[PDB]
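Below you will find one chain, with nothing else, as structure tokens; this is the form solved without this ligand, and questions on how it binds or moves follow later.
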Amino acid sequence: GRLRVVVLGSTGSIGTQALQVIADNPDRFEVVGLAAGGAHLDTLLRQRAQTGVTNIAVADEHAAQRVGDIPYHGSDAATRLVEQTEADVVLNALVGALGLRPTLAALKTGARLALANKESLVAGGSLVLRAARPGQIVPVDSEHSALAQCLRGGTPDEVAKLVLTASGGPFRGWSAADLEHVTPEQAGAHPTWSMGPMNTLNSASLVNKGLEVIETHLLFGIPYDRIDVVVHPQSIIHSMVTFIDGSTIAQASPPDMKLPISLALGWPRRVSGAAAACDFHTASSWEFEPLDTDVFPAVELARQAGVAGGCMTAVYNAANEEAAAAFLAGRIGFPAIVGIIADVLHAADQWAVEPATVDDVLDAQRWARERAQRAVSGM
């Protein structure tokens, strides 16, 4: 009855919330593994003391002189923890490149993978899919969690459309001309040595939604031409599924990541009192409007990369990271982020091949960065 949980990336926002859900629900879950990168050693050590969990890994080579009592440490040590720890669920909330090998290891163990790491699907693609059995991957992000719930409304042959909702970001309703000269600070993107500013930039870019469309295709096996994005400023409905008879099923909740986290951990069972429900005793309205795809071409560009397949989505994401970083640094204008991704992709025919190994994904990503760094440089 009690599920054994490995929490990877335990010190970040997703990992800390998952540990609160588990602490609230010791009848349903027990923590059996923790992993974080060496920069987060002090917090990881606090978690060991608080959870009493000693099976912990420092997920990289860093803090190398302070790991004398850590059971796993070094490059790829989170993968080793996953390989060696009996569990029912691996929550992978590692950030970026770190997340890929532990995802692959988790799938090989036969455990459920509660996947928070975007890298795994966006870059890994068919590497990750070929390692998974049907139903083994359960998403942690609000939208994909919404979609997985709404897909319960019918059999696969009855699915007409998947509809992801999007806030539209801070430039919702702006013209191309309006966006020509915006600053990173106008996007709500301010410095911090984390993926925070990148994440907020991707939200302004609509690249966030592009990535979520890619993840949707891979998670649910629905063609790109049947994955739509709708703007919904309230973010109460987190996504919807439209079925062949005309019926749409939607999932709605006040924003709170503990809900989709709880569900991914307990899948298929829901977790009592994980989050607060919508209160239908106070007036509200849920608004929907089309995405302006002329102004925000990032989403259709993600579909184009996705349709090409293989390492093309790794290329899309890696080119975005470089271009977005350039925009953050004040080196390029806002429109050039997606302009650069498009340029890199146009040159990227060699990367439509499926990746044979992790190294092919890494090669595609290095190529894409180099290619994006060139585009940025002149300009």
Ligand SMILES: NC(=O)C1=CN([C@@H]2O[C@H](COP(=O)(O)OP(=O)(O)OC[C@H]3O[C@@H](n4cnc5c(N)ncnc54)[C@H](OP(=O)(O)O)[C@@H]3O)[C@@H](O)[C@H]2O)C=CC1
Contents of the next structure:
2 protein chains.
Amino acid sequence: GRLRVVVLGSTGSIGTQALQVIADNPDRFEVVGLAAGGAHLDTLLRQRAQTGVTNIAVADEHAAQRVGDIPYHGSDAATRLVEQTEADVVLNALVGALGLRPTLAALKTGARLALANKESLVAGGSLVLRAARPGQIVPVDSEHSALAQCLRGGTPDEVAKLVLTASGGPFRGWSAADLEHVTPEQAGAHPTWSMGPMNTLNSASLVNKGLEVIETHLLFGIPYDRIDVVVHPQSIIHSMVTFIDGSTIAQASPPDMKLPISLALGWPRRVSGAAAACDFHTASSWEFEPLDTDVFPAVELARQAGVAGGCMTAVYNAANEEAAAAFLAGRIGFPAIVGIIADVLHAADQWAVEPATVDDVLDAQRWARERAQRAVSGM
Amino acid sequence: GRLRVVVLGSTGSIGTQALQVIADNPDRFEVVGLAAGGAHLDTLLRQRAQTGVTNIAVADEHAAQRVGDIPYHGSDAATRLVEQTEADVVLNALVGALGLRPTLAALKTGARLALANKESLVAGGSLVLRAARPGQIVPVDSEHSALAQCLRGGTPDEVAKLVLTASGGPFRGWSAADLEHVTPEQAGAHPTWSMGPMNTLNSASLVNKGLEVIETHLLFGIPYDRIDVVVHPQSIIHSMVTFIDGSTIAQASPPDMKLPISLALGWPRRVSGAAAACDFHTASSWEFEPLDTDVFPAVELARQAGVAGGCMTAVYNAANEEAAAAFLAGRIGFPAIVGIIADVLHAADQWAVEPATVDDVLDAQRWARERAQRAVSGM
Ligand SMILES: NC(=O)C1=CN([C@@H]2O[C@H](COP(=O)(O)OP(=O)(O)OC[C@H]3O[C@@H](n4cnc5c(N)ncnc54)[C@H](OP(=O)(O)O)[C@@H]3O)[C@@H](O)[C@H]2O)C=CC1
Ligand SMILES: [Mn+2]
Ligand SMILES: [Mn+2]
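Coords for the form solved in complex with this ligand, given the form solved without this ligand:
Next comes the full complex, and the chain you just saw is listed first.
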């Protein structure tokens, strides 16, 4: 009675940690599908051999050709893999708003969607939500996993606030002037989490936290004015829920994604030995500080976009993707990332309309990328 | 609807705070009984006048002589009140040995027992556990209330460890050499108005934490070797549960006993506005450090007593009461408190037998008191 898992983005950080959790728990889990982009064929072939799964999607046609006998190849490969593979859980660890169609396909199959790809939910918004039954989307994200656990501390009507923690990034405490000179190398560091290149930059810019505020509203149905963000440099407390009696329930663990991965895969059942627990035989401190919203307005912009609703959250994410690419390429400065997002959101009148189809979401993103490029061109 | 509440020990700290919670929540609670010792008879009489509750009990027959219209007076007045009063919740906030019989009576009525009286569990042990049905006892103290909330984080089978937080008391971080100089005043002997000198002393000696560890075992059925203590000077995290996957769930609030009191009264339902929540607008830190068990062995000793079982925890507590009072009277030094507890316990193996009656518990306490007296005097 074990769970069949499709792993999308298997060669990345989350995909590989997920495979390790599955390998350590053959009793509970079985890999039945793998999807990757094709940039790391060494890893993918290793995964094919180690798991014995030949049911693979490779996005890059040239890379799929070089491997040979890949059953699904091309831009729709991951989507068709999901549509055609019998599974109990789809782990979406793809990166960027491109995880949207596989997310929608997964929900349509009725399987659990263990969601690491927050962008697909942020972009899909109510379109993704309509495709899901209650509890079908289970968060892999450390914060959202923590929130889901802490919500067990009371009934829904007893929730006052959801409190997301943020690491603060490498630039915690820096001034606006300090941020002007930030290099791609400087933004490529993270004090607590080891992640891919986009999540690391997003954590530095605080856009990751903005995306997580939106994800929180969408997953848990809590109003934006009841979703708080506190800076916690240690990343040990992964988030908390405050109840109407004044009690706060918090989730805590040394930073290790295998914990929320393991919990997402086998929800509601915890997976014995998934990760190390906090060690209370040695001294430590858990520090909290307010976010400097003047220097880091990305979270406030996310709330604005979220409150607007419809396709506005897709716009927020798409504008970030474009500005982020420009920064990494050395075309714009670091403060310009969130500056461009604000510029694009301000122009995004038409996009408050609720998406009826995936094409509405794609239209919004297409516009947002263009408007983002316009803003880059002007600086 | 409205829960009918009997308040035993209505004139003490817990009792009066509970009456405030009840006054503030007339939708949720109604007082249907009040019981007190008699030393604060005037307060009880004012309480009858304020609540309109005439169903009252006074233990002290002398005190009762002052009134003429008390329905329940004399020894076991509180017990008789419990036996003869229809109620949904009995709050047992009586102090010491006079709490045990009312606890037993409350359990037999089938009411929920909101338990503050430590002696009921620490001394009464298996007598109380054999009488109680699952979930019948709801703990009132902050650590136990924290644990009950955090246990919501998983199934019973998913619990790895219970971690109680401890303030560390006034001598946190003190060497054994430092402790030799401790005076009653330093250990918290002030004529404070609401509470006896023992509470502050028991905190300082770490015996209170030991008592809490024993009660934790009895309340939640977790072995002593899986009940840990961490020193946390802020007392914001009130305790935590570590699950088999590595996740820790923690309960946090600014110190305020109205929170755990309100939740014990309303269990399982939280009481809106009971206490203030953690506020993250100003920076703070939550510090943890190990307890030096060489310098503070009171908790290790409690586990030893608890593992031994039967009436051994009764012995532990009674030896403390005697030794702690001897320290306050200047008959011994501070380090000798836990020293005498150890010496009495090590001589106490005849008391490992399970008590059949309340008198068996009383015999054990009698022996332990006499034993500690000889240890103090040198006889
Ligand atoms: N990493 C973390 O610790 C955390 C991650 N997340 C979220 O999870 C998601 C992934 O995180 P992360 O593992 O770090 O990302 P990574 O960059 O480390 O891995 C990205 C994965 O997606 C694959 N991929 C890229 N492009 C395509 C494409 N066009 N088609 C199909 N597959 C593609 C890559 O395969 P390949 O490169 O071989 O072509 C790779 O396996 C993100 O949305 C992130 O926000 C959330 C919380 C923390
Ligand atoms: Mn996250
Ligand atoms: Mn306590």
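Positions refer to the first chain, counted from 1. Basically, rigid core = biggest C-alpha set you can superpose within 1.5 Å across the two forms.
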Inset, instruction - Superpose on the rigid core, then report which one of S247, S175, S284, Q136 has a CA displacement of at least 2 angstroms between the two forms. - result: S175
Legend entry - Core-aligned CA displacement of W351 at least 2 Å between the two forms: no
